[PDB]
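Below you'll find the structure, written out as structure tokens, and then a few comments.
A single protein chain has been omitted; all remaining protein chains appear in their positions.
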Amino acid sequence: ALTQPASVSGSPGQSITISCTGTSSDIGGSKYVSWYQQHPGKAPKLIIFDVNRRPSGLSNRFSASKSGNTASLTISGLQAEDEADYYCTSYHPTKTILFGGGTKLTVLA
Amino acid sequence: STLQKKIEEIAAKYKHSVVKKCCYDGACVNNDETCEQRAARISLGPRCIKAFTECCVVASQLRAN
Partner (left out) sequence: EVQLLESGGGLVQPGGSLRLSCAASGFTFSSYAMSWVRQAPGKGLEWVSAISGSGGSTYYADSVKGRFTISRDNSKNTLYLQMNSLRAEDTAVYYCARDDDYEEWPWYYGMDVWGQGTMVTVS
């Protein structure tokens, strides 16, 4: 599996970053790493990133990047609705598709 | 809206949701920068850049009319 922290948390308006670490064969070979959001009792959903920047330079609510064997999902301007489980994934030449173990995101008061 | 129709037609040519979204973002109006300037900044890969560029150029051509 890919390694993610068990949980993360922050208050509304804050920025949170979830890491995902794999091997040279998966995240390491990837130029793009996909992320899923899963609300309680619901199917996972692919997180779709905006390509346009906001005019002021305000960070997009959801963004992602990767470097070597690690990837990161950043959720800024945190909102109550972001409370969910988050999963990274990667292709892998022999295992085909790997998932991270998941990260529970809590939005506090 | 013929603009929306043409953009949906183009996006329909691309398979993955991520790439379709790249097209819709491309079609979004921006009067401070060219399609080439905006596309140089894209980190989601050649498939996204292709869709973004096609939709950006078409949207610009249409609006010029």
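Just so it is clear, A and B label the chains in written order, and each chain counts residues from 1 on its own.
What we mean here is this: a residue touches a chain if its C-beta (ideal position, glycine included) is under 8 Å from a C-beta of that chain, and two chains touch if they have at least 3 such contacts.
**Student:** Which one, A:80, A:97 or A:109, makes contact with the chain that was left out?
**Tutor:** A:97
**Student:** Over the whole complex, note the residues of subunit A touching the chain we left out.
**Tutor:** 1, 29-32, 34-36, 43-46, 87, 89-91, 95-102
**Student:** Could I get the residues of subunit B that touch the absent chain, sorted low to high?
**Tutor:** These residues touch the chain not displayed: 15-19, 44-47.
Please note the rule applied: only the chains that are shown with their structure count from here on.
**Student:** Express in whole angstrom the distance between the two chain centres, defined as the mean CA positions of subunit A and subunit B.
**Tutor:** Using C-alpha averages as centres, the distance is 25 Å.
**Student:** What residues on subunit A touch subunit B, complex-wise?
**Tutor:** For this pair, the touching residues of subunit A are 31-32, 46, 48-53, 65.
**Student:** Can you name the residues of subunit B that touch subunit A in the complex?
**Tutor:** Residues of subunit B touching subunit A: 17-18, 21-22, 25-26, 28, 30, 38, 41-45, 48, 52.
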